[PDB]
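Below you'll find only one chain, the form deposited without 2-(2-benzofuranyl)-2-imidazoline (XCG), shown as structure tokens.
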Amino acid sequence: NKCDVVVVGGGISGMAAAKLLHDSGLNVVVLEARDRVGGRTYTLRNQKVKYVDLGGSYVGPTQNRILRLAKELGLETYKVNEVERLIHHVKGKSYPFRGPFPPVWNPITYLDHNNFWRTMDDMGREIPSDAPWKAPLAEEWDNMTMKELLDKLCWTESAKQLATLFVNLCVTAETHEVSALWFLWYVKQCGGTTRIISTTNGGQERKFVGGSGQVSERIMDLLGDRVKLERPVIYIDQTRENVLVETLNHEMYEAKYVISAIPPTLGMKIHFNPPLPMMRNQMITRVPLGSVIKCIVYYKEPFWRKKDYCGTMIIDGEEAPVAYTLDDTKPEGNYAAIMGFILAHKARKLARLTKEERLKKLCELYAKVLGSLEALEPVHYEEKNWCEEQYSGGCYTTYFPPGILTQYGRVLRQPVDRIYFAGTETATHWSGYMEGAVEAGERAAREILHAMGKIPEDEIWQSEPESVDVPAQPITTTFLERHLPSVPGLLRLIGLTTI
């Protein structure tokens, strides 16, 4: 019934918020809709897989908050396999390579690729992480889709195709679905193109031994009966001295403050008294989550390694159900597996099939890409279609269609009376990720601590010491990468020398 703070949602963000408040001496309750904590993280355990992350999994350098929280909870990481060669599969053929980026040999195509990534980061530098709507060209950039921007920037089909895959992979949405401003913000707030796309020295460097679900689970262990499972929140009433929070199973909770730690649009599942202010009322109808099926195919051995392939495949083309894979073999070298994502429209297209039908399509694809008949002999399969989840709405995160971030963005984490807003979507660094979940949950918690007069204003936002275990190498560029002209840039130089 009565407490200091009700946290709506027991994902990483809600759990991090609850833990901070609990550690500060406040009485907290976490109201979680599902029969489990973890939300967009979910670690399945069975005999065949031991454990497998079916939701959020990867962590890496510069994600210091999630690393610190997990370490405190007694968790360890291991490195995703990137020892052997990566594969870029394009136009039905595989091209092995090393480094974060597939090599480009054609001089013109090379200039185009180089310019595209450079320009993405150039534009990102103009976008404040904590206020993307303050970018000098915010309106101009927000009013076009990523598709339009790619059409403008990419003078080769090769660059456009790879850029498209990049967008699909980063935000589980189509290039025509998302605002260019929002996407450029999203990449910049993850530290840029190299950081977001890299395994070694990037977002995909590591996984947690035993699964990421342990973060939420171990916080639940700490909080005991303060976490209430199968309590979907239906109603929040702020008309009286204490906030009243009602659940679907007819329980009433009374609190001084509330943290909403659910995906922004899932705020729609709550009836508000008094009604939300106009901007938030409409905002929460304008912010969908992406579409993805995460699929893990198990094999007797990590046979790709014997062919000097690490298991990473970047697979272009409409026919391919999966556009991106990583080796998901255990650190011990057993439970050999390939993780792949079925992205955006393909998640919707292929959801119609049976589990067995999807497994067959994936194996046949992997056999082709890896040039290996062994890929046709899986020993086990697990998958999760996040599009079907009532209490997630999708994965990985919320995307902003054209025009929305500038018009409604400022309200995303603006308190509504005594309701404060956590959730990865409200983070300013690695929003969309487990890292962003921690940042947002702890920030929301400290907003309440400040409201209670327990901490000064300048302690609401808190820096994080760099992990000693996962140090971050800086992102570097070469002289040629910095100064080589774009395709139209080269054409100008040809135009002027001819004149």
Contents of the next structure:
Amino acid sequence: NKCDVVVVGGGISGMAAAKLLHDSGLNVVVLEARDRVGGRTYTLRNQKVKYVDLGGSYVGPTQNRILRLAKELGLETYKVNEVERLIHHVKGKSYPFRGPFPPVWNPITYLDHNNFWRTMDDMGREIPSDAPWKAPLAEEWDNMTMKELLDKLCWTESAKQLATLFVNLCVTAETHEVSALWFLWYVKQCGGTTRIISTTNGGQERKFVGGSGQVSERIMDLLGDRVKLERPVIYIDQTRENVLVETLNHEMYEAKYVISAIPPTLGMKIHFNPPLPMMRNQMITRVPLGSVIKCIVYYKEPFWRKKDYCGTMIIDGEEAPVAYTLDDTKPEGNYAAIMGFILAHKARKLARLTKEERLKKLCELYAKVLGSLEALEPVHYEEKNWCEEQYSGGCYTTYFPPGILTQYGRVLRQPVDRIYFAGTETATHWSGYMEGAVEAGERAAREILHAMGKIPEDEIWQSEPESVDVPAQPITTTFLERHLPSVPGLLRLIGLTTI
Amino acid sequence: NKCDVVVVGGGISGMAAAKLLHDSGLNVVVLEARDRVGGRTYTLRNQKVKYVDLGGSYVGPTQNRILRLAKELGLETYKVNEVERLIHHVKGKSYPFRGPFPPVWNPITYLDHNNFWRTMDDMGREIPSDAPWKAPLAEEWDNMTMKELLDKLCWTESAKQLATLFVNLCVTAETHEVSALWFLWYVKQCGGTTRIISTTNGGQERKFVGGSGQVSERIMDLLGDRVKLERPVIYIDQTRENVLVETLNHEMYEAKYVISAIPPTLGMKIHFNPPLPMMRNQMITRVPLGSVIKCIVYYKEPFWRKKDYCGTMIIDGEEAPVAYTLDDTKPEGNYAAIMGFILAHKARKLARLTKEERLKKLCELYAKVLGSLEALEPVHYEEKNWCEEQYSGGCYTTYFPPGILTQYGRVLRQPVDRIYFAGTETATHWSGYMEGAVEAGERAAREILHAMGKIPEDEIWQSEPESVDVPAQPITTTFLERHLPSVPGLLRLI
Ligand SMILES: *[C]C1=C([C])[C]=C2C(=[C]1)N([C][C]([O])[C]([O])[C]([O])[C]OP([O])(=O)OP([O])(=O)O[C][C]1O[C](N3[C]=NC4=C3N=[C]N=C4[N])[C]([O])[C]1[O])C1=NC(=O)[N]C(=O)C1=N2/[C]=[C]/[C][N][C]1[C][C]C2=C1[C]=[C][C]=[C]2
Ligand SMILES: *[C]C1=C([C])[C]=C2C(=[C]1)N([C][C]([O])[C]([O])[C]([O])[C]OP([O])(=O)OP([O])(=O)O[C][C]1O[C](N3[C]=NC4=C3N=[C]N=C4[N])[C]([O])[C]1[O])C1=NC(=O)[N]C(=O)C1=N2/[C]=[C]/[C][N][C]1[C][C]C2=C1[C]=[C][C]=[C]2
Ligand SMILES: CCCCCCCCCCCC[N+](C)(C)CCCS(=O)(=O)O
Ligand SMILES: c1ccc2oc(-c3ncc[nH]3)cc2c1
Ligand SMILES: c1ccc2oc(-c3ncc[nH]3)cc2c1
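Give me the form deposited with 2-(2-benzofuranyl)-2-imidazoline (XCG) bound now, not the form deposited without 2-(2-benzofuranyl)-2-imidazoline (XCG).
First the chain shown before, then all remaining chains and molecules of the complex.
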């Protein structure tokens, strides 16, 4: 089977690459391991739920590429519910609030909290989005975990605990598992702490009507039979004039170039000839994905709205199986549902239970957090544990442990002869997200267009017009937020005065 | 085609497993990815070196299983040269010394150094060899890197620089890359700090005459055509009556049981049907191997001996490519040579250079440390960079980043239906060494004999009698080693 480009992987990244290549007149083939396209996006359809996203789902302002792609495919978005109050549940009690952060009243504690978020963003501006290893203190920040950085920065337990929950929620890993340099890069390349955490004006603002899985499905429709399902790639041979790509079900494909659009560590599932160079060879053993179970509990009505709760809950505590939820009710107001994430070590701990026992524990938690016995009367339940996926490795994305990003980072998207690398991990804006997948898939496709002499070099990286449907408000601070001292800053001032 | 047990991997561990099963009367096939056996051991032969070990090489007292296996195969050991003085090279100067640790003269520094070694051994006494996630402080120690532990414990830069070299040399990874729990288990399961670092009476005491690659080659000689080279395994299907194992060159093997005798992460190279359970599926993406180039510079004579140096050098500082060396001269006094390890980030850094550029750097360093122009005149050079090996992933062994050993560690040896797990990573004594490979391969082999009803449960794990050729002497401490206070302890008395 002969073509111009073989794309390995039919998730969003590979489908976007294939689409770009196909629209340019090339012959592409997509080799997908599963019986479906979409990868870490998956939309379940049945009569009880109508449709529901079990993997990637949320899109928001500044994610202009996935928005343009989805629009061009005939899809619409709608807004996640944030009309009523959010809830911060901490030490067994719920405190309703509005805004990006639960209010903090103790003035010392307020100083510590304000300095925490501020400093994450301050450190982040030192870090180039396209080369995090070029930060001036890249080595010092990469040689520490997030846990060590939090221990040094937070002068109250309250700030340390909120921060810990933010890390677990952002990257589905524990603070002691991840590099400080990598996590700080990861937040900055999504636009910063406010953009990444928020619903209104942030990452979680919207969902696609009908599910995100339609993105990959509609591209598959346009490509017709160029997409080969149940073709896991086992072997890539670059020793001859054309590249040979072999599949597990005994098929051979021959091409000029290959795009690898799979998570970096799943490159281990492929035997290479000749062997990868040393740096990539080791890099793909060093970059695990996080751990998460996405759970959706359905109810007769969205009862929390009547208590003036929008359904967003930040839930702190070792005993809480779920640390964050959002209202997952359909835009029409039916199929009332709460979506929650079970994160990092709790995904591993609670996977031992049955589905019915996990549903029990979530309802009892929601009943307590919402102060509502109706939470004990679910009508349906769907869930997916991504830790068990042979062809994903986890979700949402790949994290870097201490020391890895500075030593091996520069190789993530470095071509290996005629293999180019897409996949959301190799993006520079919303890496980890469906937005990053589109950016990486189209950039890798244009690297190949450039190698064939079809476009000039300055067209490999291409900026994206802002969505007219999902405008981005800028992220602003107040004068007090900018200039209030940190806790040790204030202690320093007290020392000074006392002389 | 059809057999009783397929062994995936022909390193020491897979070979030891296959030999045990074959000696029991079972039909075994070994499927090996490479065009050779040995894996992380590799013995090169040519007229210039005669033979040289480019991977695993050293054996010593308490490693009784690899000693017994080798002896049975007709191999012999000889002693690594440690007659003359060792060298510590620090801030551009050489300090010769005798005994296990370089002397320290500043009294505060002496207290700090003594406390560091003693504390590593005290912590390890609380970590079970067969279950390190059961240490009373497993989570606390697992959630910190060795770098954090060293920042807490070491009150002097001198103790911290030496501890840092110790970690790099021991596990070919940076102190900030590795779990404190995991590292402290690793040293304790080799018999502690003195046992692991010593030449005389420790893990570097001896080498095999003719090279360690002969262990695997000689088992392959026994097994004949049961061993298949250039058979990378790609697919294992357990959904039927018999297990089906497929290779890259399109052959199909069928067995009642499988032994996986490869580094855990190389498990990623195989597609599984049904999918692996969740905890193993993620575990095998979380366990990289270290980074090392092993380099051997040959000379006309072992000239360091005329200066009363043994050729063992401990070399501190960023600028030194090699932090540790041993005399690699043959027992006969000929093929004079110095072996050095380029460790961790330096392996990655110096890999960009050419072979000749690395040779020149090593020779200029050894000239400075040994104080001899003769080091500038090498007659030959051999080296191997293990980071580049598709079917090893690095060397010496698999390290655990912070958080991983407690969450996933119990999954390493757990059977997956009819697949049993060997490989030095699953051993409980000298895991990470050739000794651990033998332990783990023989244990996995006997779990299958037990699954078949051939032996009882209490025969899965078997003790090994002590080698008469390489007996162990006790590790001792002095009264002052045991009771001198630490730096904060001396301070508390003030
Ligand atoms: C899983 C998940 C979840 C659960 C969730 C989420 C997610 C996920 N996300 C992420 C996404 O999804 C991603 O990024 C994407 O999807 C990616 O794409 P790509 O790159 O394409 O990749 P994939 O998909 O994986 O694909 C691949 C393919 O390939 C294949 N393979 C493999 N291997 C192989 C193959 N083939 C052949 N051969 C071989 N060998 C496979 O199968 C596939 O298909 C996200 N995203 C977004 O955007 N959104 C969302 O939502 C999401 N998610 C989450 C979120 C969260 N959020 C939260 C809330 C609150 C907060 C947060 C964060 C932060 C802060 C705050
Ligand atoms: C590399 C190396 C070096 C450089 C060095 C050293 C070493 C290494 N070591 C280690 C040893 O060698 C080990 O442990 C062993 O060998 C292991 O075994 P096993 O377990 O068996 O594994 P391997 O080998 O890898 O095997 C595997 C096999 O398989 C195969 N594959 C894969 N994949 C696959 C396959 N097949 C089929 N299919 C598939 N898919 C491969 O190919 C192979 O073959 C060591 N050891 C000992 O014992 N000794 C020595 O010497 C060694 N080394 C090191 C040492 C050092 N020392 C130092 C000095 C001073 C000091 C130290 C340390 C500490 C302290 C002080
Ligand atoms: C007589 C006066 C003695 C008071 C001296 C106070 C000692 C300070 C210990 C507080 C530790 C606070 N955390 C946040 C844990 C670490 C800060 C890291 S950093 O110090 O800013 O580098
Ligand atoms: C720490 C961890 C999770 C969090 O989610 C929010 C949030 N969600 C919607 C507006 N703010 C804020 C926040 C802070
Ligand atoms: C730190 C790093 C490497 C080291 O090697 C020794 C040594 N080798 C032979 C006897 N002691 C001691 C030592 C301490």
